[PDB]
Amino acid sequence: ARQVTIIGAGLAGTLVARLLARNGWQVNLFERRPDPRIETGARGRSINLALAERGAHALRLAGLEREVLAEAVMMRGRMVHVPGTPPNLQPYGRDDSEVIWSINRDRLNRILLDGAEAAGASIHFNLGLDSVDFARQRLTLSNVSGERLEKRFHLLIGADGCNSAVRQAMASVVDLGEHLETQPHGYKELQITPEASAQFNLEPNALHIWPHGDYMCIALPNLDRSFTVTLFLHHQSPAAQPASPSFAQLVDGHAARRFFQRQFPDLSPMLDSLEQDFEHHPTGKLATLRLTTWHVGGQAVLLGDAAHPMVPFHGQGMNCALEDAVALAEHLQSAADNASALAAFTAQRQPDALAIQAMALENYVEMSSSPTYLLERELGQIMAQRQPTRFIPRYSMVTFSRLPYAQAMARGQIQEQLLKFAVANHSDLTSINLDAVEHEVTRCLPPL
């Protein structure tokens, strides 16, 4: 039986552990944090995420989709809150087949942990990877106190998140060709109680957005009708605009309250613990990191956030990591040797990871901030009705299909240019020749 060591019992790490163990691999998984299934007196984490077709299909192959969706809230559409006008639901698709699921992160992690152990994997908690000696095939782990433990390894999988210790150890034996692009936005997690959401009639089966240009708020529902709110705001005010809002200008919780009362007046009354949450929850950091190399021969490989950190403006990070886990287990199972598998996995997944990283950065302007946009959207809806197998909106290709990310991006660019050109010198749809646009659709877009 083939042997494998995995670092990180997160979302990608636990899924890949189950897929390999059920195929007869001898699997050992190491996690820095304690086992979350061991109940303590401490408060549970209220963090949630948007699960789409890519992530759901990966769970379906693993035999875990039913268990996960049993505790997921259906999001049928987007609820945009702009002051003055009441919110109106913008449905994602034709029916409840085209939806996104809101799931508690800790609940998903516990289901995955149970799944990896049921398949035969051994999980070791309270052990963080410190360093790797590739030539001697040994690694060093330690608990929070710093007490060290050495282990021999054969194949190493880096599923240890955006600040990966496996990636740091690899950078010493190979040039990874790393390119980091910092993000000016920070984030803060806040809460809406079940009592407050019900009092203010906040729709439970939708994803909520409070757009405000350079900054914004999003809210995802929980099973108990509570909501997890995320504020996206610049860490620092720029030199060009010194008076602009930023985290630096929000010295305490009282400062945060006055800011919300002024910029988000319909959201502020729903945030009862705004002051406490602002001061106790730390500000998170965002970035895009691109690597030319994801592996070291047949010895080590990276996947998920360890391989491709991305901005969270498309809700596809977890979805991508689960898709990576399926591809890695498939390559390792059927290759001539581990070196061949790691090279082929890297070649297949790298162009897709670059495509989703670029699409996530582009999606920020869509969520946070036109007469020309509405005409393009109207013509795009008609083209999708005439040719539903050729004209599929980019958001729909990413979120509701398994088309490779690079293909979704390429087809999306063809459609965006087709719509832009068609409306360019026209006041309204009555002056636009619909059959001529349809001809461009059939000429430039093959059926799927």
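Numbering follows the first chain given and starts at 1. Each form is matched to the other, and the largest set of C-alpha atoms that superpose within 1.5 Å is called the rigid core. What changes on going to the form deposited in another entry:
- The rigid parts of the chain swing between the two forms, and the hinge residue from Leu176, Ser334, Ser142, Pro393 is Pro393.
- The chain behaves as two rigid parts between the two forms, and the smaller of them turns through 13 degrees against the larger.
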Contents of the next structure:
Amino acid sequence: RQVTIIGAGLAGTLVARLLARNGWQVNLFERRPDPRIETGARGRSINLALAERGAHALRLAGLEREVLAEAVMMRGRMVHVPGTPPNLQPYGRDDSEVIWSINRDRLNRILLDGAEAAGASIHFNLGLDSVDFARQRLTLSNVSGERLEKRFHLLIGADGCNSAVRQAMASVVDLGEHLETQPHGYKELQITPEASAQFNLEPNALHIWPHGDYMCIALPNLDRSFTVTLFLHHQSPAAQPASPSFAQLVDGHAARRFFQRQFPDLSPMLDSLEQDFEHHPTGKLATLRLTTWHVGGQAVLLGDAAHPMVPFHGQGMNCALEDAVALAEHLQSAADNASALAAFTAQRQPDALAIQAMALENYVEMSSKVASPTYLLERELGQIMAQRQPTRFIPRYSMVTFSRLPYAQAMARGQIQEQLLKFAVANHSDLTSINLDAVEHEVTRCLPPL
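What would the structure be for the form deposited in another entry, given that what you showed me was the form deposited in one PDB entry?
Left out here are the partners and the other molecules; the chain alone remains.
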């Protein structure tokens, strides 16, 4: 059984390992050069939040130990707001609930080694150009433009949010594609080990600078450098045309004044802010949903290729790793590749839609809009119910971040919990008019333990 994978990123390299371990002949093609070839280059790859979902997918592949050896433990959040230095807000309810920060290039190199150790052949410096589904052949382009034609039996599209495989599929089947762009862009910035230490930025934490309609978030690296992401409107809306947006930050000097005003404890650590701002492009935020992820038994999409999402729950990589495991499982036990791909799509598509929406709801949190009094009372009640019934009432964030519950079931339980809270608080001022024992009974009736 032979398979061709396009894209030696996170999902593609993991599924290569799993399939090769299961006895598949795996050929993996990647447009970029092999990052394991030693150069003088200082890598500027971002650090990623690896949660229990991703960690478990790596465990199944036998790689968790190697990845975590090169990852920084984030025990909690540091929320930077004016008035006092931040204190750690620890994760969940014990020490075992942490998030790991792993550098993208480090993870990629570990996955590549893992894929080759399992028997996969990885071919770099070759970009997928086109696919011929009738004759079962695809075309790759090399660095100078030479076009190489190859046979495939099964094509896995793991080539990212602008997947060339997906583009090829659209020419033979209606993907039912819907694109939802968001008004925020992002810019990746860097903190050196020296800057971070000078201003005492805690390495073992996730750092956030909230500011209503815009914000920054930073994740640590092994060498004490941090990667910072600014999220900010591309343009100022028609109302509030003076509100901050990238269009006002016409150059690095404007960027610097923006940070000095809005993020004063962060600006001094951004040594290369001006250059980073001008040299790096402003990224776009979008969600892309497809009704179908496969063409018969010939081709399938996974990871960012199948379901681009906004980066606001730190789950795109975690979802991509989950995808790789599921795809390998379905391909190993299916009647033909066509059955495997349909079964895989039916399992993972509802979960992808769920995290895409929950990421957007996490993204919608980033707003200057105040919390309703109703909302605050619901939150207080939910914290009490979480204490009294910790196996039934679990905040949706913890279900997503610290468990392996399928995304769609996390969203379903969150819906039940929110309905329960909405009716318990409906026409009550404060908490003292709410019968907490009666509410706890409703929690027991409506939410089975996990």
